[PDB]
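First, one chain by itself: the form deposited without the ligand, in structure tokens.
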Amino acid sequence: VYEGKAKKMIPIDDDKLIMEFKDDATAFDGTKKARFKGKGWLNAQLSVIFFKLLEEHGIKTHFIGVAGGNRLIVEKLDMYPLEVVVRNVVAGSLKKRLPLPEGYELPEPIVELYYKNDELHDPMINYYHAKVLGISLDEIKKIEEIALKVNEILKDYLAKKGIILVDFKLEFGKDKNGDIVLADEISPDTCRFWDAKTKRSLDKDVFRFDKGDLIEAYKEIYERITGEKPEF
């Protein structure tokens, strides 16, 4: 059993594991910490909806099934040590890299690669760093191609629900066939979602910058997407 900041990973056999979503939330390299009753449930359910949508569009994900509420069954993968960030609208750390205001609409998507490494606080890397880390150029290109395809599908789907997909973080791993498979989660923890009309955050930024009620914000996302009220 691996216990992370947001989730628990419980081995089943050699082929699969249980991904359990906790109520814990962290920010700022994990220096800001809180708990939000029902957060795990919402993130689990939204991950499921997103993975299923993406699977219908021919994206290979680790999603296998549900294991009752806060737990997903997922394929075990040899993980790439990357966080792959896709950005449509300027926000967060991008403001420190390009002299563009928050809300600036990008002419095309930006993909950023981050090296998952706590010693180094997850630095941004490029393709040459990735190669030194054992990730070939073809693997990187395949990964960015998938991320960009995921972007189009999620942003289209969300725009039709009055939600702007500002940016989001993905993780990937390799399966036993050597195929690149989308992993981890897709939730208001790992994406920026803005209301189309008011431009307000319906995501982890509410917690990051004390913008109000996180659970309310995560509920509103769930309701706008499912059309139903959360049961917890």
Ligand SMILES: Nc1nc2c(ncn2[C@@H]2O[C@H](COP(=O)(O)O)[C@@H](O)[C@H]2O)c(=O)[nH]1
Contents of the next structure:
Number of protein chains: 2
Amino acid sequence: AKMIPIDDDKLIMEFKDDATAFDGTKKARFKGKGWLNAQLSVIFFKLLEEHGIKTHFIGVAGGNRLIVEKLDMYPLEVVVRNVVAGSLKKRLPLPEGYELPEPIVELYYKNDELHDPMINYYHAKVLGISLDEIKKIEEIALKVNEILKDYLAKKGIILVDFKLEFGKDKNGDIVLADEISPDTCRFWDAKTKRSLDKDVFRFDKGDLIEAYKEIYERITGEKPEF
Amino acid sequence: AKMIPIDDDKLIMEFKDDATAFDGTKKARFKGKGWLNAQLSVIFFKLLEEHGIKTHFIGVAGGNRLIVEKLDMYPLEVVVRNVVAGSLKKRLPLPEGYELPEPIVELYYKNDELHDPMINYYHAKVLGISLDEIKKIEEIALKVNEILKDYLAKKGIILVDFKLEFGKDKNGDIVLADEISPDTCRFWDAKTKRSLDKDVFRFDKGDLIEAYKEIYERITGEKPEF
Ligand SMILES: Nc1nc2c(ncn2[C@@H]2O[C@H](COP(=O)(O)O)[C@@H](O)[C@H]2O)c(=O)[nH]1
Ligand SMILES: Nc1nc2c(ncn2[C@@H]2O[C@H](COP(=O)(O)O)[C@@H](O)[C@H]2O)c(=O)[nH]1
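Compare with the form deposited without the ligand: the form solved in complex with the ligand:
Expanding to the full complex; the earlier chain stays at the top.
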């Protein structure tokens, strides 16, 4: 769905029209999805930067391309969950739609060989990530959560869960990386509880592009120009 | 492999000759195993009690039966790992036998429906277990680890990993429960690195009873009387 090096300080992140699911056993191509996800990442990164979150966003380079800061990437995917959906149904005997009493943070080791298994703080330590780093990472993820869920709730969108990735900059500061989009979040309409995210593609729920268009219109206030 | 109520304060824990593996898809019966595991649990509980670990062990009731304290059981299995073996090979790209730089503690939610999935502190909280409780539980597991690994290393046995369970007594103190035996630990001979534990049954490595007998002889100093 997405890195083209420039130099020491920066690289290009390009969003593609490809989508994969289920460990890459399901593939399809959606015209315009690159564009939507690039635009929506920019909007989210900017909102978070205003709230004092250090992100890798530097600028736009036209098309579906962002200029981003180069980082020593942690091999983690950091998942924040507000509402029970997806893999959480297999870890806790709770139904889809269940509202958690407080946010859940899950750590996944980015490892294709092992299919991205969940880890805790001890596994992370063996992977070279101190407890203090983990604490800072979860603290940021949790703050990101509050900002994004408030912003979206005030637009008729429930932030069900989402995935973040992080890296360290040259000062040793922890920096939010990768993307933030309907590909990497669960977004539900506040009224109907309908999916406006990758679950439309994952579980064949309708038209992916239309659901992404609705999110873009309902966030930005104007329909997608492309 | 094992509860017969007495009253409010206590119950009977009986160790049986049955063994199961792989989610109960593998079954077999081993004459004498109940007896060995009961005796070895007693020895371990006593050693830990001397070192100031609160356990549910009250007394022996002859045969393969222990008198134990009744508790509000946490629905957890708490795993401590010193050497890479078993499921850890699927979570970290490390070989069997790899010596961890420090102990790993893993939490599993005891749930047959969900096949005992791993959890973190956030899942535990949703299950009703405060962060403070979790911290006390891991602190005890880690202390138990030091005591058991020292004691066994001074007998030519490597403590690879093991599983603990816990409950709360009426004072709200956290109490070590279930069993401690070759069923619930990985034990390797310090020289040959051979298994003297349930892995003999799990992966058809030889004679289970003989491996358990060796552990009993090499711990107690005398061969099993039965
Ligand atoms: N695009 C993408 N999203 C992910 C991945 N892993 C987790 N997520 C996001 O994180 C949340 C939880 O995922 P789950 O564990 O339920 O599959 C969902 O919003 C999901 O979209 C991934 O590998 N790719
Ligand atoms: N008897 C028993 N032992 C377990 C269970 N779950 C974990 N253990 C113990 O905890 C350690 C780690 O298990 P693993 O996750 O590698 O299967 C091993 O020593 C194993 O014997 C269980 O359900 N039953």
